[PDB]
Amino acid sequence: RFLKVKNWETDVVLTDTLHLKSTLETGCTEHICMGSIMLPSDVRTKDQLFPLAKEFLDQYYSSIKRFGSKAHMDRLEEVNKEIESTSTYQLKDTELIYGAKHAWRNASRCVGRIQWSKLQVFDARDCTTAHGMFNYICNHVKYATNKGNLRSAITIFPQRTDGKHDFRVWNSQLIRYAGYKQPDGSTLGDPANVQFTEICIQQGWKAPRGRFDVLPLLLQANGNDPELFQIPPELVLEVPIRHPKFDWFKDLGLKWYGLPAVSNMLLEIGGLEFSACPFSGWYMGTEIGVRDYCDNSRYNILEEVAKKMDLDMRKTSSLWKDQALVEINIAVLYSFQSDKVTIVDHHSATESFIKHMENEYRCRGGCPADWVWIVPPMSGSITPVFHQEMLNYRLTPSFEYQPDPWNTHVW
Amino acid sequence: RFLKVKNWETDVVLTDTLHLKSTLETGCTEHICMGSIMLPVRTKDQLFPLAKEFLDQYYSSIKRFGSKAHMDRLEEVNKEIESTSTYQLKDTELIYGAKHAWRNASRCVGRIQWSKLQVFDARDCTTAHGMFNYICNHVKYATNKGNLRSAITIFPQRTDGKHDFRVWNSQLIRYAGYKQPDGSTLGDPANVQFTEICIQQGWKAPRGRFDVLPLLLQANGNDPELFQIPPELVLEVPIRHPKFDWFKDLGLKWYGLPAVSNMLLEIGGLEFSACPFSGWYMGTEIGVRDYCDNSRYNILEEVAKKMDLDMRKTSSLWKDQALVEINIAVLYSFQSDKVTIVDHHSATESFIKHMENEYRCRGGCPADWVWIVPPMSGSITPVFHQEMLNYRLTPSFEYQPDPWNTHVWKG
Ligand code: HEM
Ligand code: HEM
Ligand SMILES: Cc1cc(N)nc(CCc2cc(CC[C@H]3COCCN3C)cc(F)c2F)c1
Ligand SMILES: Cc1cc(N)nc(CCc2cc(CC[C@H]3COCCN3C)cc(F)c2F)c1
Ligand SMILES: C[C@H](O)[C@H](O)[C@H]1CNc2nc(N)[nH]c(=O)c2N1
Ligand SMILES: C[C@H](O)[C@H](O)[C@H]1CNc2nc(N)[nH]c(=O)c2N1
Ligand SMILES: [Zn+2]
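Protein chains in written order, with PDB author numbering: chain A, 299 to 339, 347 to 716; chain B, 299 to 338, 348 to 718.
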């Protein structure tokens with residue numbers, strides 16, 4: 299009941315008590331582990354909402370060393386009064402900032418959480434239209450990009466009410482490249498976005514049908530139909546990809562954007578649901594070089610790179626795929642570091658996370674962590690997280706997945 | 299109840315019903331996932356249901372469920388248990404049980420081969436000298452001059468837990484490790500504790516960097532005894548690189564036969580505490596883990612030095628570069644000496660085919676993603692993208708405590 303995690307490279311053993319505070323469910327049972335399932339998982350009735358608010362307020366006032374205080378009980382009664390009457394409640398700015406930082410802090414799949422306390426929270430709860438959402442998002446992009454000195458940020462749009470007036474960003478990320486099918490059968494641009502790249506065209510967009518076309522924003526306010534907006538190109542920081550040794554690398558014609566900005570998740574704070582909460586940080590190099598470029602279902606450039614290196618692609622045991630993979634990821638890091646755009650390699654990021662884990666075990670009693678997501682997609686066992694046992698459990702406040710809006714939108 | 303797993307690279311969806319036959323527990327609950335935890348006496352009372360379950364499965368597989376042979380065997384095992392408190396497996400049952408313990412091993416990527424296991428019945432063995440003889444014959448048979456063959460040798464089952472057969476070596480063939488007074492280590496740092504035990508038991512240590520450890524063998528609960536495997540039975544491979552002529556000068560070699568000898572085989576409630584089994588290597592086991600773990604031979608630096616990589620900043624990916632070259636060298640050396648080995652691309656591709664076949668013919672394939680995904684180049688192998696369900700079937704291989712921690716010494 300008081301659990302232990304061992305690092306098998308260092309024998310460091312930490313004891314976890316934070317999991318006992320867990321509230322939600324994992325999808326696992328004593329009979330079957332679902333640890334490798336990508337996604338396990347209406348108006349919150351008045352009965353369900355108040356305990357959720359109380360648990361959240363309790364930890365908030367605990368964290369400011371005012372648990373069981375004057376203002377604690379007052380705020381507890383005031384929110385209880387507000388739920389009994391309005392059937393919801395509004396967070397104070399301070400509570401909102403705490404809830405957002407702690408949603409990041411509790412994100413067991415995120416290797417970058419050592420930075421959790423430095424998040425910049427933009428309160429967009431006064432927003433009413435998609436033009437206004439576009440305005441809030443442009444300011445977010447510009448603030449976070451910071452001319453390449455990237456800064457973490459989240460912008461929080463108004464919370465769900467009856468499920469009919471949902472604020473949604475239809476893009477999965479604020480900045481992504483278009484993808485189109487070819488008349489023959491191949492795919493031009495990013496194959497992961499083919500369905501969305503169409504719903505943009507199949508709703509108004511005029512595509513250059515290039516390979517790296519920055520998609521427009523599809524923004525939905527108060528449950529209305531979504532609207533297209535182009536992010537000002539001067540706000541989208543992009544990096545051409547060259548190699549520090551191979552001058553033909555430049556000729557491959559590769560680029561990527563500097564700002565990773567997830568926009569399709571649901572932020573849950575004290576029972577309240579924020580369906581539109583785009584957040585952004587900076588990249589770990591393998592996200593681009595390993596996954597975006599080398600996934601067979603994505604840009605899938607391994608074959609053409611290996612050919613230009615003139616590797617023996619006859620037999621898999623020559624490890625030509627692994628060799629190209631390394632070079633591709635050297636170039637990504639080299640390109641960002643040269644153009645002065647923040648990026649972290651998987652060695653630094655995982656070493657940071659071990660230090661963060663030991664901070665969380667020491668000052669909080671644990672850190673929920675999903676090994677399947679934390680270990681990088683290359684060179685797994687030469688990073689320290691590979692040898693780190695991790696306990697995965699769900700704390701709140703949290704970021705949660707939510708249905709794609711086009712499947713849900715009463716159009 | 300049915301359960302689905304999705305391959306996110308191909309969208310292939312499989313349906314698991316086999317998890318319904320799962321008995322043992324995983325360690326996970328609805329509130330915590332223990333998926334990354336490395337490691338998460349028996350009376351007549353509980354033994355006959357375990358025997359019945361195993362014999363029902365055995366007779367089902369041979370299309371004889373409910374037959375007179377089946378009913379007679381159940382009755383015969385019933386009486387033998389109530390009269391003698393244990394029972395003996397027929398040869399057919401033992402072979403079936405050991406193959407299925409491998410087939411059920413959710414952490415094993417090599418299970419496509421499970422039906423071709425060569426089973427050696429050593430249940431008539433009575434002394435450590437007799438154990439040495441059986442293990443020598445196993446090593447010679449399994450090695451087969453480099454054309455490796457899977458094999459398991461099965462010593463007598465546990466009785467009262469005070470007469471166990473045990474192989475004290477964790478693997479049949481392993482290199483010694485010696486802690487020096489200056490704190491440094493000569494040989495395999497993983498084996499320092501076991502090396503010390505061997506020396507204390509009388510082994511004259513050559514004190515080199517690749518000394519094959521003696522066998523320490525325990526029969527019938529007696530004190531263990533030292534034996535030296537004939538060197539002509541220990542097939543080894545000098546490690547050279549196909550492009551880097553300086554790589555041979557690193558002085559590296561490895562043995563050809565991976566043979567795990569510290570696990571416990573459970574069949575129908577019976578416990579076989581000495582059951583060495585052997586296959587052939589996946590290249591990464593040597594090149595990634597054995598050579599490049601920080602806690603093992605740890606040659607990343609000296610390799611990256613001789614390669615003259617930028618070793619000042621990790622973002623140069625010198626560690627990942629040297630890792631690939633070392634793993635190319637291991638595969639090249641084994642193939643050149645015609646010693647069986649499989650690279651991680653071939654092995655994971657075969658496992659996906661195996662897994663899909665098992666879903667079709669068997670209703671499931673329990674699988675531990677944390678262990679199946681290789682320790683380098685994770686996401687460019689197809690298992691990274693495969694959802695897996697982990698559960699426990701019997702017959703099974705289990706961990707057991709190291710015998711030096713439990714043995715009662717006779718003197
Ligand atoms: C600042 C540097 C950051 C780094 C280096 C980083 C790194 C990562 C990486 C590599 C992943 C794996 C995701 C994938 O493979 O697709 C991830 C997941 C995640 N990150 Fe972070 N991240 C950062 C900032 C943030 C911020 C600012 C937030 C929220 C405020 C956040 C929340 C999350 C969440 C919720 C997930 C998992 C979501 C899912 O299940 O898909 N991250 N992060
Ligand atoms: C024939 C080729 C085989 C290959 C390529 C192979 C490969 C592997 C690998 C790479 C692992 C991961 C273990 C580690 O990283 O230390 C593993 C685990 C395992 N293998 Fe296989 N294996 C083979 C044959 C066998 C055989 C013949 C058996 C038993 C009859 C077996 C039983 C197991 C078991 C029980 C585990 C679990 C290890 C543990 O939990 O410590 N394997 N295998
Ligand atoms: C803030 C931030 C920093 C950083 N370094 N990277 C990211 C993007 C990774 C990321 C991705 C996703 C989407 C998950 C889906 C997308 O479809 C492919 C399969 N995948 C399961 C959610 C996140 F919450 C997240 F974080 C975000
Ligand atoms: C039959 C066979 C084929 C093949 N290709 N490889 C092997 C060796 C891998 C292997 C290794 C181990 C050791 C388990 C723990 C011990 O503590 C340190 C960490 N270590 C993981 C057990 C196995 F059961 C096993 F299989 C065996
Ligand atoms: C903590 C973690 O479970 C541990 O490092 C595991 C991870 N996956 C592994 N996978 C394999 N094949 N072998 C291992 O030893 C390990 N070690
Ligand atoms: C099936 C498996 O869960 C899936 O491929 C996961 C594995 N681990 C991952 N890890 C990260 N960081 N990101 C991912 O998208 C995935 N995908
Ligand atoms: Zn689990």
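Be aware that one or more of the hints could be misleading.
[As the list claims (entries may be wrong)] Derived contacts from chain B toward chain A, CB cut-off under 10 Å, selection only: (1) 308; (2) 311; (3) 533; (4) 536.
[Claimed, not checked] Heads up, simulated BS3-like pairs for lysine-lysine below, C-alpha to C-alpha not over 25 Å straight-line: (5) B:626 x A:620; (6) A:626 x B:626; (7) A:550 x B:613; (8) B:620 x A:550; (9) A:626 x B:555; (10) A:626 x B:370; (11) A:351 x A:302; (12) A:620 x B:620; (13) A:555 x B:620; (14) B:550 x A:612; (15) A:486 x B:304; (16) B:620 x A:560; (17) B:620 x A:645; (18) B:550 x A:645; (19) A:302 x A:660; (20) A:452 x A:469; (21) B:304 x A:660; (22) A:620 x B:375; (23) A:550 x B:626; (24) A:550 x A:511; (25) B:550 x A:550; (26) A:626 x B:511; (27) B:555 x A:660.
Quick caveat, the hints were computed from the structure, so don't treat them as lab data. We put the CB at the ideal spot given by N, CA and C, even for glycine.
Status of each hint after checking the structure:
1. For residue 308 (chain B), the interface hint holds, the least distance from its beta-carbon to any beta-carbon of chain A being 8 Å, beneath 10 Å.
2. Nearest Cβ of chain A to the Cβ of residue 311 (chain B): about 12 Å, over the 10 Å cut. The hint is violated.
3. Taken as an interface hint, residue 533 (chain B) does not check out: its beta carbon lies about 29 Å from the nearest beta carbon of chain A, beyond 10 Å.
4. The interface hint given for residue 536 (chain B) is broken, as the beta carbon of that residue sits about 28 Å from the closest beta carbon of chain A, more than 10 Å.
5. For the proposed pair residue 626 (chain B) and residue 620 (chain A), the alpha carbon gap of about 24 Å is at most 25 Å, so the pair holds.
6. Between residue 626 (chain A) and residue 626 (chain B), the direct Cα distance comes to roughly 17 Å. Compliance with the 25 Å bound is thereby established for this hinted pair.
7. Annotation: proposed proximity of residue 550 (chain A) to residue 613 (chain B) holds, straight-line Cα distance about 18 Å (limit 25 Å).
8. Between residue 620 (chain B) and residue 550 (chain A), the direct Cα distance comes to roughly 16 Å. Compliance with the 25 Å bound is thereby established for this hinted pair.
9. The straight-line distance between the Cα atoms of residue 626 (chain A) and residue 555 (chain B) is roughly 24 Å, inside the 25 Å bound, and the hint therefore holds.
10. For the suggested pair residue 626 (chain A) and residue 370 (chain B), the alpha carbons sit about 46 Å apart, so the restraint of at most 25 Å is broken.
11. With a C-alpha separation of about 38 Å, the suggested pair residue 351 (chain A) and residue 302 (chain A) falls outside the 25 Å cut-off, and the hint is violated.
12. The hinted pair formed by residue 620 (chain A) and residue 620 (chain B) fails the criterion: a straight-line CA distance of about 32 Å is larger than 25 Å.
13. A threshold of 25 Å between alpha carbons decides the hint, and for residue 555 (chain A) with residue 620 (chain B) the separation of about 23 Å falls inside it, so the pair holds.
14. At roughly 18 Å between alpha-carbon atoms, residue 550 (chain B) and residue 612 (chain A) fall within 25 Å of each other, so this suggested pair holds.
15. The straight-line distance between the Cα atoms of residue 486 (chain A) and residue 304 (chain B) is roughly 23 Å, inside the 25 Å bound, and the hint therefore holds.
16. Taking the CA atoms of residue 620 (chain B) and residue 560 (chain A), the gap is about 23 Å. The hint holds against a cut of 25 Å.
17. For the hint linking residue 620 (chain B) to residue 645 (chain A), the alpha-carbon distance of about 16 Å falls within 25 Å, and the restraint holds.
18. Proximity of residue 550 (chain B) to residue 645 (chain A) is assessed by CA-CA distance (about 36 Å); at most 25 Å being required, the pair is judged violated.
19. Restraint check for residue 302 (chain A) and residue 660 (chain A): satisfied, since their Cα atoms lie roughly 17 Å apart, inside the 25 Å limit.
20. Taking the CA atoms of residue 452 (chain A) and residue 469 (chain A), the gap is near 38 Å; set against the 25 Å cutoff, the hint is violated.
21. Between the alpha carbons of residue 304 (chain B) and residue 660 (chain A) the distance comes to roughly 34 Å, so the proposed pair goes past 25 Å and is violated.
22. A distance of roughly 53 Å separates the Cα atoms of residue 620 (chain A) and residue 375 (chain B); the hinted pair therefore is violated under the 25 Å criterion.
23. Of the pairs offered as hints, the one joining residue 550 (chain A) and residue 626 (chain B) holds, with about 17 Å between alpha carbons and a cut-off of 25 Å not exceeded.
24. This hinted pair does not check out: residue 550 (chain A) and residue 511 (chain A) have alpha carbons roughly 38 Å apart, beyond 25 Å.
25. Only pairs whose Cα atoms come within 25 Å are accepted, and residue 550 (chain B) paired with residue 550 (chain A) is accepted, the gap being roughly 19 Å.
26. For the proposed pair residue 626 (chain A) and residue 511 (chain B), the alpha carbon gap of about 45 Å is over 25 Å, so the pair is violated.
27. For the given pair, residue 555 (chain B) sits about 38 Å from residue 660 (chain A) by alpha-carbon distance, which is inconsistent with the 25 Å threshold.
Consistency note: the structure conflicts with the earlier hints numbered 2, 3, 4, 10, 11, 12, 18, 20, 21, 22, 24, 26 and 27.
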